[PDB]
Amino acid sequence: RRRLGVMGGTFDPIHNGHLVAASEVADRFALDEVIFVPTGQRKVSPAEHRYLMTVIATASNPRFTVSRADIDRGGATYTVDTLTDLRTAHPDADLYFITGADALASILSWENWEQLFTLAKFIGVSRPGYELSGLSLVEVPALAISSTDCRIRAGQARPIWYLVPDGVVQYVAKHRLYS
């Protein structure tokens, strides 16, 4: 069966932390594809901008794609809705939902994760400054990067080079996203 990575995120902006994590997981579980899924709509940049920055970010990687499913569904994004639609859209694939330590704790604490485990294999990945502890835990390269830090840098005219892809650096400057 086809092995599809899934990685949800606000992606405001997508950064090298998100991308290095997806790439490690893709290697360790021999995934054919990773679909990045921008969440639907602290100011959150419009959905279309977050979507496009994600297409630009993932463009160069032969295995990474983007779904606009969550942004098009409308309203709030729940993990169950994301995976169910992906199950319907890729009936013959095995889904691997990729999630960093903070968002994993949140799913385990606040969602019916037993149901979620019936829709996909869960791959919890490490993130600097958080505690990682049917579900698999993987250590990915330690890149202490948050979108928050990027948004603060962009607003203070401080550089986000080498924290996000060159495409995202350009895209943030051109559309003036966080100033």
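For clarity, a rigid core is taken as the largest C-alpha set superposing within 1.5 Å between two forms. Numbering follows the first chain given and starts at 1. What changes on going to the form deposited in another entry:
- Just one residue from the list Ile152, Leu119, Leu143, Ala59 crosses the 2 Å line for C-alpha shift between the two forms on a rigid core fit, and it is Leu143.
- Annotation for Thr88: C-alpha shift under 2 angstroms between the two forms, rigid core superposed.
- A movement of the C-alpha atom of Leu104 reaching 2 angstroms or beyond is seen between the two forms when the two forms are aligned on their rigid core.
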Given for the second form:
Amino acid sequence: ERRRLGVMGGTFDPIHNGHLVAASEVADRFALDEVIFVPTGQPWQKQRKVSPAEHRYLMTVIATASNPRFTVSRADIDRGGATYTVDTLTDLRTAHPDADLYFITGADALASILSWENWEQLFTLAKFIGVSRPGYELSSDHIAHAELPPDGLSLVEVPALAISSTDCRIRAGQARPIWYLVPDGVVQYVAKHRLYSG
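Show the other one: the form deposited in another entry, since we just had the form deposited in one PDB entry.
A single chain, with no partners or molecules, comes next.
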């Protein structure tokens, strides 16, 4: 029986309960033995100043610590240059050569992955799961510009992804509470390091 590993890729600025719900749901639905959270090292620059990678890594560790089936990888953080998912999966394939990999991320990010990165490598390395919030309307036809390999892509709606990291950052900047949006431990970490209150 091959091990089945989720690879949960995100910038996580901050990680929030929506991400955790999504990973837990996908792990159960796809019978995953473990979910490996991989915070981005250097996410693509958007028109936005991302917290230092070490802060995002620690928040992800804090958030996932209590789950026996979650862990955190530094694979992207400890690779120089912009983060690309072919590289993420090559590294994890190396560290887990006998495992079946399932890469999990937001539906919108998965569209970007498929539009820029090489499909031959991507679908040789893993299957893909796109998770989306209520009201987000994307078809599997629209997530790619062409037909995808057989069982290569699944899409999963997760109601708790109504919670967004952007909303958490704005609230923190406005000195509005992020209790219950964001895990205990992470709330206090955000505040004492003043990550968004600047």
